[PDB]
Each structure stands twice: as C-alpha cells, then as structure tokens.
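Take a look at this one chain, the form deposited without ligand UDP, written out in structure tokens.
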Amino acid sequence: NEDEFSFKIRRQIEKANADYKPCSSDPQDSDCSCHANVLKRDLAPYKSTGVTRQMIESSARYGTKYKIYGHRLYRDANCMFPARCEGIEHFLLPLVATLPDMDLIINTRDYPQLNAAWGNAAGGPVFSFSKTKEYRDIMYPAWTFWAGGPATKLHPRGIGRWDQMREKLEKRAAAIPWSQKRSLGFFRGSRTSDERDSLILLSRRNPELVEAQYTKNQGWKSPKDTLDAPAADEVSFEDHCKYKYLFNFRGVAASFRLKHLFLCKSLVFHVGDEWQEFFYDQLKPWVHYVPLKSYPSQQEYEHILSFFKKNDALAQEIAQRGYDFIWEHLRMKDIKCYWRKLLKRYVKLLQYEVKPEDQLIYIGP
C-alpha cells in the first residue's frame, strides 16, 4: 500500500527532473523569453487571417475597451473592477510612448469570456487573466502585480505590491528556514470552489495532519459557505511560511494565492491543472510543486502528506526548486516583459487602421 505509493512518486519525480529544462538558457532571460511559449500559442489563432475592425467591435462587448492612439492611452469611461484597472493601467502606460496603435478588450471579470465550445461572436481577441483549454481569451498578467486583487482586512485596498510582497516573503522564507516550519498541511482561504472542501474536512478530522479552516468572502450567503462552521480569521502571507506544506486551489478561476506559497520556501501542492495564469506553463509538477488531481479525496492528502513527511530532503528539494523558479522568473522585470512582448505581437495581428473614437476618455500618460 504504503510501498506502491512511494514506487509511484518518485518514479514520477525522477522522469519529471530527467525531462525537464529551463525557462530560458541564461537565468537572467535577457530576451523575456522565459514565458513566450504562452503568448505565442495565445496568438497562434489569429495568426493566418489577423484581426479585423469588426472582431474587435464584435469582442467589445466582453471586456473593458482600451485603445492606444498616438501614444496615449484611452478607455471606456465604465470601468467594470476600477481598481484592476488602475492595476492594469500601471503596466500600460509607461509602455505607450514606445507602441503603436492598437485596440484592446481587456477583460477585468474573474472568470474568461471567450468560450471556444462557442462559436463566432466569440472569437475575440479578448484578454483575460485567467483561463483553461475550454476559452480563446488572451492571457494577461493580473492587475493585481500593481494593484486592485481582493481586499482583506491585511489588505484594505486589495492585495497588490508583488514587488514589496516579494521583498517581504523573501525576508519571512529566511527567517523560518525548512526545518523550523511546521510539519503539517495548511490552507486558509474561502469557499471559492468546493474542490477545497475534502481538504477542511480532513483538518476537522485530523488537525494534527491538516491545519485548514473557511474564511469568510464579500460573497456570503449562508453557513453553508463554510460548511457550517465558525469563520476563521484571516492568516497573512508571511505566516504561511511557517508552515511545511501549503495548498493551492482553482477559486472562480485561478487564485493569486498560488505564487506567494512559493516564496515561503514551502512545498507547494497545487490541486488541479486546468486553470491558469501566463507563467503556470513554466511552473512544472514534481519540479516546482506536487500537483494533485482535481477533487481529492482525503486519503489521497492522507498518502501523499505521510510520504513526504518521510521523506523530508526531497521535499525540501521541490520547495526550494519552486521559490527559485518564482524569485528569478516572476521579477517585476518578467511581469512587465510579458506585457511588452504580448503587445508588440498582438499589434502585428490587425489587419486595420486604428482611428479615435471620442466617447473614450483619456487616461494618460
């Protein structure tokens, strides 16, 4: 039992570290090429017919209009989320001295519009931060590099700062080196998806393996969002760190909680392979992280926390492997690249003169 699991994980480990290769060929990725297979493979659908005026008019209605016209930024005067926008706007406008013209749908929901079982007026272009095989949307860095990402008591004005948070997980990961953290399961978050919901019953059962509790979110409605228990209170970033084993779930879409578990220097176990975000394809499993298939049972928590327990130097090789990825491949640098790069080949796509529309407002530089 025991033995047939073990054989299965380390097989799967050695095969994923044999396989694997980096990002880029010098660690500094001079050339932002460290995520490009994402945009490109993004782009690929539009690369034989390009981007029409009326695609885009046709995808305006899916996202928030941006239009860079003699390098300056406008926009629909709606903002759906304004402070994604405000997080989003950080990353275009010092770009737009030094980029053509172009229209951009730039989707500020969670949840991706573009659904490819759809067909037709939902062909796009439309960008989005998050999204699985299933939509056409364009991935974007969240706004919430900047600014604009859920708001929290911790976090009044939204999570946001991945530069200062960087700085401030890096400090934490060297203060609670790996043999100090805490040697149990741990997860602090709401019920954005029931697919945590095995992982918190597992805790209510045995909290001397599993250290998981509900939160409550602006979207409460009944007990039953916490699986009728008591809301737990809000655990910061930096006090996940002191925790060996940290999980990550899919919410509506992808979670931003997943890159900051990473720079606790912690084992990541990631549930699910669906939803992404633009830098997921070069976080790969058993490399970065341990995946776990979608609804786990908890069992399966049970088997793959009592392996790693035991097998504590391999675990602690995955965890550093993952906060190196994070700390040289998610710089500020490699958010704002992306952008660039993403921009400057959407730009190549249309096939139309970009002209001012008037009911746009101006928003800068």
Given for the second form:
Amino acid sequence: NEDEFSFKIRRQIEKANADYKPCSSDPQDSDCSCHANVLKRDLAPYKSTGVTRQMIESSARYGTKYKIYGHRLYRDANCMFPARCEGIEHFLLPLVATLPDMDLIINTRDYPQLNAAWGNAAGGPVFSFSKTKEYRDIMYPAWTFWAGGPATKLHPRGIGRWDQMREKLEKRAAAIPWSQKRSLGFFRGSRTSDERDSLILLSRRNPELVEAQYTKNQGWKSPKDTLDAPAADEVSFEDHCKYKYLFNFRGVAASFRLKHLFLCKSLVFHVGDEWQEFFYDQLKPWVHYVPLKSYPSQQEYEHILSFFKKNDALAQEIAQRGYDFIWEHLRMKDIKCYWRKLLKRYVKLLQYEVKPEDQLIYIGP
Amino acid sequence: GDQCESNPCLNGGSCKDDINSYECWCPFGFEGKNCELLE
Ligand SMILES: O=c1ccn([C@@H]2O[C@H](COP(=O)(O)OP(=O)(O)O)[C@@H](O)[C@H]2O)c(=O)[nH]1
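Next up, the form solved in complex with ligand UDP in place of the form deposited without ligand UDP?
Below is the entire complex, every chain and molecule, led by the chain shown above.
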C-alpha cells in the first residue's frame, strides 16, 4: 500500500528530473529568456491580425487604461485599486523613457477578464496578473513585487517590496537549516477558496501531522468563513521557515504566498495546476516542488507527508532546487526585464497610431 | 462581489463588498480609496 505509493512518486520524480532542462543556458540569464515561453504564448493569439484601435477601445472596460505617449505615462484618473496601480507604476515609469507609444489595458482585479469560452467580445488584449487556459489575458508581474499586495496586521501597507523580502527570507533560511525545521505540514491563511478546507480539517483531526488554521480576511461574513473556529492569528513569512512542509493553494486566483515559501528552503506542496502567475511555467513539479491535484483528500495529505517524512534527503533535494530557482530566476531584475520584454514585443502588435487623450491624468516620470 | 477577500484596505481599514466594486472604511489618519494616503 505504502510501497505502490512510493514507486509512483519516485517514478514521477526520476522522469521529471531526467527531462528537466534549466530555463536559461547560464544561471545569469543575461538576455531575459527564463520566462519567455509564457510571454510568447500570451502574445501569440494576436501575432497575425495584430491589435486594432477598436480592440483597445473594446477592452478598455476590463481594466485600467495606461498610455505611454512620447515617453510620458498617462492613466485613467480612476484606478480601481490605487495601491496596485502604484505597484505597477514602479516598474512602468523607469521604462517609459526608452519605450515607444502604446495603450495598455491593465486589469488590477484579482480575477482575469477575457474568458476564451465567450468571445469575441472577450478578444482583448487585457493584462492580468493571473490566469488559466480559460483566459486570453496577458500575464504581467503582479503589483505586489513592489507594493499593494494584501494588507494584513503584519503588513498594514500591503505586502510588497519583494527585493527586501528576498533578503529577509534568505537570512531566515540560513538560520533554520533543514534538519532544524519542524516535521509538520504548515499553512496559515484565509478561506479565499474551499480547496483549502481539507488541510484545515485534517489539521484539526491530527495537529501532530499538520498545523493549518484559517485567518479572517476583510471579506469575512459568517463563522463559516473559518469553518466555525475562532479566527487564527497571522504568522509572518519568516516564521513559515520553521516548518519543513509548506502548503500553497489558489485563492480567488493565484496566491502571492507561493514565491515566499520557496525562500524558506522548506519543501513546498503546491495544490492545483490551473492558476498561474507569469513565473509558474518554469517551476516544475517534482523538480522544484511537490504537486498535488485540486481538492486533495485527507488521505492524500497523509500519504504524501508520510512519504517525504521517510524520504528526507529526497525532500531536502527538491526544497533546495525550488529555493535556488526562486533565488536565481525571481530576482527583481527578472521582474524588471520581463516587464520590459513583454511591452517591447506587445507594441509591435499595434495596427494603429497612439494619440493623446485629454481625460487621462499624467503619472510620470 | 468578492473584492474584499484580498484585503484591499490598507492601514487598518475595513472593507465592504458591493455587487460592482468595493468600498473601504478608513480609520482617522488615513484617506483614499484604499486608505493609502495620510489624512
Ligand atoms: O498568516 C498569514 C496569512 C496570510 N499571509 C499572506 O497574506 C496574503 C493573503 O493571504 P490569504 O490566505 O488571506 O489569501 P490569498 O491571497 O492566499 O488568497 C498571502 O500573500 C499570504 O502569504 C501571511 O503572510 N501570513
């Protein structure tokens, strides 16, 4: 029973690692190619026809209009999420001097907007942080790499400053080496998706295997939102690092939690394979993390944790590779260069002339 | 709507979901749509 399970997983590991090619020829990825597959795929559906002014005007209703016009940034007066706009503008602004004219419909909402099961009213192009195959949205690096992520008690201005977070988690991972970390599954987060429920219920049944509890978010309504338990306290990112086995789940769309877990040098269990950020394509199951299908059972959790607990070196190897991947290929420079490369390739698709719009406010620089 | 779930209200603010958008209640000292500005 335990043996059939082991064979399957080790089989999946060996197969994954043998087929694994690094995302760039050298670790420095000098020409910003690591995540290029994603930006190619996202832009591809526009490659032949290109982008009509009508398409831009058609899509404006799905996000915040940004305009680069003659090395200045213009935007709708009304940002739906101002702190998210701030995050995005941190990256746009330094590129605006060296970049041609373009209109950008940037959706700052959690969920993507262009359902490819609708259309062609959902033809785009619209930029979103997160998508699945169901959506035509073009992924961009989320605002939170600089600013405007979820506001919590420990981060009242919004989770941001990924540059600073990298250094803080690097220090903490060095401080709590593999053999020191607790041998328990850990999760602390809110009920943004019921995919999260079985881990929390397992934790309650078996706290000695899993420490997982629901916090309260700002959308709280009934005690159902914590499955009838008192809301737990927030736990800092750096305090996640004292657990070997860290769980990540989708929320409304992808979660900003994921990237943080890797920098703990803990083993990451990533649940579901649908919801993406731009950098997930290069995170490989079994190479950088343990994949679990959506809606894991309590029995699945028991089997997988039991396996890695009895196969420690294998656990630490995967953890170490995930750490290294995020360390080396999710630097600020990777974020900045992805942005640059995406905008350059996109502007080439426009089949119209970008002209000023007086109702837009000047952003910078 | 479910906009409030991602905690869009900064600096101790609280959130209410409409059907369309959302709205922040900001504590005295903070201002703006997301409580991001100093009062
Ligand atoms: O105790 C906690 C709870 C949440 N978060 C972070 O706060 C954000 C919002 O988490 P939540 O689970 O509320 O929603 P999600 O964005 O995962 O749907 C994520 O980046 C989490 O990693 C945290 O650091 N500590």
